[PDB]
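Chain B is fixed; fit chains A, E, F and C onto it per the hints.
The lines below spell out each chain.
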Amino acid sequence: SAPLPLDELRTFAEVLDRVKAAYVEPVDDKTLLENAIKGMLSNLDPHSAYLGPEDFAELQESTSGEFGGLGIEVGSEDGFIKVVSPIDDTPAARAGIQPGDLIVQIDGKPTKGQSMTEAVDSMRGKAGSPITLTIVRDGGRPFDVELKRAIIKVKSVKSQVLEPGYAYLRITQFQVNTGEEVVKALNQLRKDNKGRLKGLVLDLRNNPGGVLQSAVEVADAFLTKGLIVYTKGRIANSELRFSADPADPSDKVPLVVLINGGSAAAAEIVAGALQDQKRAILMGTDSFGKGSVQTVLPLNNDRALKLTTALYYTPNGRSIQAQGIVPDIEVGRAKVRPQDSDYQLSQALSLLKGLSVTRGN
Amino acid sequence: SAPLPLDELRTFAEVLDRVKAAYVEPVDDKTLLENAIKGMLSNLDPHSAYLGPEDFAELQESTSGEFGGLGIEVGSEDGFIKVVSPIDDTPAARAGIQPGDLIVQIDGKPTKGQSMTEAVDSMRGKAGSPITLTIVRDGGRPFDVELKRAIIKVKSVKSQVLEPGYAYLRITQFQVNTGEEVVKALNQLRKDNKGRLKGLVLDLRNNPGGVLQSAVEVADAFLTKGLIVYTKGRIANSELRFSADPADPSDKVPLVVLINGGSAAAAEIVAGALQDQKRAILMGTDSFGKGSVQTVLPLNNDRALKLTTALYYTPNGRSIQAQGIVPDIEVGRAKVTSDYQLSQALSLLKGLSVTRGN
Amino acid sequence: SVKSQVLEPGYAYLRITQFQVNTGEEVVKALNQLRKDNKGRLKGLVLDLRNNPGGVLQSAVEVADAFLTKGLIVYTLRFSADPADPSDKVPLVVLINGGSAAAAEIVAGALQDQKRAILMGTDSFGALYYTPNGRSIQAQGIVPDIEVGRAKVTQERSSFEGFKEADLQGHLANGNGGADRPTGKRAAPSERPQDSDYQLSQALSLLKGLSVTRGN
Amino acid sequence: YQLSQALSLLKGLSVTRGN
Amino acid sequence: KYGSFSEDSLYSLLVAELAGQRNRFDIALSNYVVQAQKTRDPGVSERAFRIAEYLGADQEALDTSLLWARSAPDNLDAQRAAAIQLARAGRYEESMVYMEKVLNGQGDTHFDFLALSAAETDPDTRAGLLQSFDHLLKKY
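Chains as they are written, first to last, in PDB author numbering: chain B, 38 to 373, 412 to 436; chain A, 38 to 374, 416 to 436; chain E, 193 to 268, 277 to 326, 347 to 436; chain F, 418 to 436; chain C, 44 to 183.
For reference, chain B alone in the conformation it holds in the complex:
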């Protein structure tokens, strides 16, 4: 059929032997091959990693709840540890960290080549510990930012009423049990406006994502027909298809979802499902474009490797990871109630009012 790439294997073996022979430190073959595994996994896909025995044990059970962390969720798509999203209600967000900016060094250690997992692990620490991050803002001059890491506990959902008849549902992060809270907030809001609403500006911006089950629950809340997300990957078990229950606490309210450059996989799932099913109107800026799903594959003996086993897909053929979510209307956030604060929210609320008026009664 086809010839084996024996030339490349021979070249690798000879390279290994020459590296062992002509190196400074006495380096044994075991370390060389372990580094080979680590680096092939790293170069193949930045999110993938080789969780060895001790790392596997650490992943099996959480160490402790005392450890806090900056909270920012990062991604190595740019070659450095890029800040995909500073989670709301967190010291990182309160600082000058803005999604899309890089992190060159952490506490004085450059992160030009180190893996994302190592950088994130070094980020987490004891409550109240100071830390200095060197952040390259849109290719500008690097600057140092001092932050105090602490335990992170972000309320999932926040329901306000921008105007009698108009709601506003901010989803900070897709933690567990987000579906229950979202449904309860929708119910209490519906009660607030006498069991009827004219709009609901679901604010999924600067969202670092979360549990896919909770995202599917949220997308179900507003939907009664069609699928939310379906996965694709080479392994047999890669495909996973999700459905929407007919019941809906939304009550057919016209919707406007706001998309900011800090959107993540789960927020992308909800936004893409709502947009593709023609049940919403995306209004913010472009999304981020992260949809890969990583599954830990058990190894031969008390080892494992986290590899990107599949990627998500919105109900249409569009793949969120490849292109992200492209909103129907692109409104750039800027300074001019929550409406009076940001330009995106004011534009969305005005659009909802205009749509309500122009639809007739």
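Just so you know, these hints were derived from the structure itself, not from any lab.
Each residue gets a CB set at the ideal place from its N, CA and C atoms; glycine is no exception.
You can trust all of the hints, since none of them are fake.
Mimicking EDC-like on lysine to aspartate or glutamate, the simulated pairs with C-alpha atoms at most 20 Å apart in a straight line are:
1) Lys75(A) <-> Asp54(A)
2) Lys343(B) <-> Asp54(A)
3) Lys372(A) <-> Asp415(E)
4) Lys75(A) <-> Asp115(B)
5) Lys343(A) <-> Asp65(B)
6) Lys192(A) <-> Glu110(A)
7) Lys57(A) <-> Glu276(B)
8) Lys44(C) <-> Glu62(A)
9) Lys57(B) <-> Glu276(A)
10) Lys67(B) <-> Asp44(A)
11) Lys149(B) <-> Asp138(B)
12) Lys67(B) <-> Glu71(A)
13) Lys146(B) <-> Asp387(E)
Here are some chain B residues the structure puts well away from chain E; computed CB gaps all over 12 Å:
14) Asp66
15) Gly89
16) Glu98
17) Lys185
18) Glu217
19) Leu226
20) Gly232
21) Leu336
22) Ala371
23) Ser421
24) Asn436
Computed, partial: chain E to chain B, Cβ under 7 Å:
25) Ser379
26) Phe380
27) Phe383
28) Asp387
29) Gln389
30) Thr403
Below, chains A, E, F and C alone, put in the same frame as chain B:
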């Protein structure tokens, strides 16, 4: 009698099989083997790396001054193309294009939409290949300029005269002939003063490094005896020592050497050779502080691997790796109420000349 | 009058700025204290005889002799040189700026004439007393062989810090086994006299250069 | 401002509805 | 266009290369012979046969040469090397068959040495080989 790493190779084979049979995108074996080579080269120490075809070619262009180009170095200023410097005495730069020229179009595509690096690459190409570019100056009608790509030698050492009797040599980078260049400069330098130099301020601030032989050659050009630097490594060939020829064009003139925080291995070699030997006054900030002489071993393919063959040691026997040189004067960049550090160096040189009298 | 300091591991700073009967012994006192603070002969002493109105002539002669052991300090009645020099042999860089008048410059005068010290700073203020050579202090005043006008130097803080190889992960250990210094936050615990005053910084830098190239 | 903002709503609203 | 190593083939070839570089050449030859048997690919048989010939063994060389020649019928050098190795063992009718197969594609041919190797066997085999050679001459 050393057994092969049977179990470890078993784990490697299992890992490669799973990676190929689980990763979403169909990835062929050759890619994963190349990634593994890159990984086991890069994960040992930061500087060791695996150089592919393009990386090896560009490194070869780096360590040797000559490279294919138009004889002009340019850049982008706030999204606008401006001519930076035409290299003198280069056939490609004989066109003598006006400084600050804004090339609107290169190779049939406007400069807009592509980064300055992409524009430079578009200008760059195989030697002997003519190119045509479109330029507009001061809002005038665009005109076509024809240029001839050729192999241009790039100078690495720049010489100047700051004060009558005092000079200044800046080594932007260490290349194959850099040492020789330095020597040449020194000669013409003394000619500018009719054969008498009262001092000299070598500038090695922000010098990323280069070939070791060039560093040894420049150090010997500034030296007249003793060992300049000696390398140590596990293998036999790495173990090496260098010397200094008695000849010295410098004429034993007072020397002040500047080292910044960006003075990497090759510049650190010259700095340490001139410091551990009482021959020059170091002044500045601590150097980057890396000593590891690497070797570009050529593989059966065009691509090659760069590995940290050995460390180097200064004449005193102290290794500068991971700690860096500590300048004697220890001057930091500041302002006086243009180059404060160089002004301090010149003041120190003049004061030393005066206190030395005749 | 005297006031000592240690600007560097081997570079004392014996301010005088005033001459009196006491200073004749206090100069040697502070010199001994500096010798004990830094063992062995110092690398170089900066005698900041600036803004000094003057004082008792004999005390000036005593200080001069405490710095040099030979020669005639000033002739007009002449003052000789004793064999005892508590200063040992330190490269002395006396400072004169314009307030150096009469007695103060006398201490400078002899030194500048005996080559034992270098007069750094702006020109000095300048019966009659003559320096060891024919040149006097009233005929033309003291003209320092190095003119360093007073100035202020303000270091600029860099937001971005250039990492050293100590920061890079998995860097090779030091060749000689010595400890590797990390690149932590760097600041001045106290504003040193060098960065505050330009003339003193120039004097210290010249002393360091002289010591590194020329012995002592 | 007022006219320009209405202009966005003048057509931005219609495209959201489509036809 | 490039085949893909199975897990066992990859592991065996890796350990074989390591053994060959560590001077344990017997392990390399054995692993390469087994991989030539299983995979049946040209390149593996090529490396196995070159290793076997360098070492100088006869049985492994013959087996690997046959596997290589069958796996790369296009390669005339493979065919003639297999014929030579087989002739080392006293078989020559297959040697002449392989020589004829090479004769289809123009290239260097080995006839005199094989004739010398076949002239020392039993009279019947040499007579049959000479008859076959004469018939081939009638065919050319």
